[PDB]
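As a starting point, one isolated chain is supplied in structure tokens, in the form solved without the named molecule.
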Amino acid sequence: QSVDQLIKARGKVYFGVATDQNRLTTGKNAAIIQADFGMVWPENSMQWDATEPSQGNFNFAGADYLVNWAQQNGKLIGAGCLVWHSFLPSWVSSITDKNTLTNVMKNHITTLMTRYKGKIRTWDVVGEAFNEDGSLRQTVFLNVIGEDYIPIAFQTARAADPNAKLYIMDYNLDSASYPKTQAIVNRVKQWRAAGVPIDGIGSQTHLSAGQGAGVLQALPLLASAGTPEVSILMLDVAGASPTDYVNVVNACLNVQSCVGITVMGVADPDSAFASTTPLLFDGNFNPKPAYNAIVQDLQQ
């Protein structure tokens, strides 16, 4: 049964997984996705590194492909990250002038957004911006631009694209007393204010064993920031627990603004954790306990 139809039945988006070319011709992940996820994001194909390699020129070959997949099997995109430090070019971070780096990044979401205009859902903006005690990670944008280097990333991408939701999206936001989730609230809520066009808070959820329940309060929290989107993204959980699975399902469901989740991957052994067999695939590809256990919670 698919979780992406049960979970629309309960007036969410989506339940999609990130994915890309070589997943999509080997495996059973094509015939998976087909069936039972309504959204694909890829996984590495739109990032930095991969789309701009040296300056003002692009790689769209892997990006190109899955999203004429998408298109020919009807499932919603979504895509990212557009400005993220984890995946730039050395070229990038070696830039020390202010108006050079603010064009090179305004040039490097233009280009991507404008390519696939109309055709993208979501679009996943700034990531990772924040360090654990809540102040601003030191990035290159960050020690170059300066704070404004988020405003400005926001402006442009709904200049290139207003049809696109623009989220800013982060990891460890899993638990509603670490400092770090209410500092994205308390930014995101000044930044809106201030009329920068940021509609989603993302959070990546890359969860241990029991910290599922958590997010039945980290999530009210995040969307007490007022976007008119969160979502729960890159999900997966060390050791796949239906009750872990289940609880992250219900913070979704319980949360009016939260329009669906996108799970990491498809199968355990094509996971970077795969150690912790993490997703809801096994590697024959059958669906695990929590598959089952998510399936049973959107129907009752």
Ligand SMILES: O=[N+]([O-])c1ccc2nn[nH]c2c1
Given for the second form:
2 protein chains.
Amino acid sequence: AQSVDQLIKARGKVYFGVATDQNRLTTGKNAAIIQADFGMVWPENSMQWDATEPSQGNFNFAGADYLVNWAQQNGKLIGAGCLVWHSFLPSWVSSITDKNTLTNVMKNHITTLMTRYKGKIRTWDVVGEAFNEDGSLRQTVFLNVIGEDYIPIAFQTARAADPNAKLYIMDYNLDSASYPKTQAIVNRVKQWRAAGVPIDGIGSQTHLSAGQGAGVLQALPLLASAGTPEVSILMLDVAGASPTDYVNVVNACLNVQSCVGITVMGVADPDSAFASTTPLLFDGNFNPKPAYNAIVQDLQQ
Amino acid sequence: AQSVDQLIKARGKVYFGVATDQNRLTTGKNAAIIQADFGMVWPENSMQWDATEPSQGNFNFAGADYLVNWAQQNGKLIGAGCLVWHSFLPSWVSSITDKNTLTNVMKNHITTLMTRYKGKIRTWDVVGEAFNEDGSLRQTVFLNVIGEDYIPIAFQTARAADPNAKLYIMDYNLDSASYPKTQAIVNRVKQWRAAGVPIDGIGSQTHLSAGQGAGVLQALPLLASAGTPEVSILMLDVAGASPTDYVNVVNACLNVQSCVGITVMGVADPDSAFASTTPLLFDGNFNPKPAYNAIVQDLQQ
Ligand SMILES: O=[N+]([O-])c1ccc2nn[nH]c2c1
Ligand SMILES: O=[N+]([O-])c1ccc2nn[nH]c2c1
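Would you mind generating the form deposited with the named molecule bound now that we have the form solved without the named molecule?
Below, the chain from earlier opens the complete complex, with every other chain and molecule after it.
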């Protein structure tokens, strides 16, 4: 099976990547497929807040360390995240009500994780899912306690911790150009960057239903109009794994100059959180599915 | 699918169990299958030394806590391990050369883990893979630095930390009654128990090639002749997943009064470390394989 990462690099992009973690790399055929076919790895779960700081100051890095070392040994780029994401917060964080304390807790979490891997991580997802569907800011503990400046603070802190990393904000339901959330994140990122906030990229969490790939062809250029140096496609999977949907997403990447690459959410269908929708590029026997071969043919042209 | 755990309990045994961990419970159909069909869970990796104490005295319990909570919420028994196993040691341990220091480090590791989960764990695998294939003791850091007393110390320390748990020694290649390692572990366990060492069980790590199930019918009664209150089948998988091999292992369990149950290495073939041998009871689409149905029929007859 030809390598989608090699082929996308030949078209001028940076990577075709995949999310993984230690117990994937030691089972199935995941390591062999990643070695041959993908150019970047992300930790699925091992870098999230609940996995890395389950109680205050008690950092759990064993799983993340394994993935970083494996990637370095095998010549792969590393992306990591998410530093600030309400969905993976442990209870001790969401109980904090003092603005000074929560600011320092957020800063220490960012600084500790980024310093540990300083210079080794290409892309950090710093803030995730900060927007409501109507485009207002999501009322998470960080917004409620710190206020809207928590986003500037997070990015400023991350830039100081590792100036080499590309810093991204990420969100989902940015797959349609007419959806209010898509326009809102563009407007807010434009404003933040105009005031000097170091947001290098917007990452679109592309968890799609059948037939939604076509809309990404119009949504991704819109996200790119915010003026960040980079945009990316993250967490990609498609219910039913139709070649048409997957090829449309790949072509959206190719059409947007600032889109650096694509990361799929897993290797093989049985290891998806959405396994009954068989939404990935390899089947339960680790054979490439028609969508994989269709991407290969699209990138060869 | 009828539950092998309910059927084996109806035959007078304690459980039919499976190894798992957090990211299995959140993907595929693993949680649903475990809820319906298995009565005990073990952490595959999250309790091993390299996952729980990656630096001296500094413990990581996020993954293990998740599995213990999940098991309690779903009414499942819990087994855990391995407290002392050379294959999962961090480098900081294997570089210790002082007998008193290594003894204290080992005792602290045992006591900290077992205290955290005191009263919640049915079975602890305390020492693993302590024997060479010829029956002599494996020359790990523990044997080289502490000496052969490390095994009595480990069990004595474990009994004091949680007197409710059943304490096991485990090894592999105990599948043939005429293999030297099988008789050696019997010899040594008899001696240790005569000296008052609290070894409650021998666990046989049953990682089998095709056709090796039949030999377990003679090996397991031999293991039971050491006189421990319990024996168990652990880490069970069979290359090719022949019904004949799986049924022979199940019947060995039924034939040995002190054998309390069986634990299979995982749920579905693609998540095995030996996936190309398709050695588990569910396939890559999470359908029960012929071996599963054969076990069901064997337990009903
Ligand atoms: O692209 N990704 O698959 C991915 C997975 C988990 C993440 N956490 N933060 N960013 C992430 C990206
Ligand atoms: O039975 N088991 O699958 C199993 C898995 C991992 C272990 N670590 N210690 N004991 C273990 C048993």
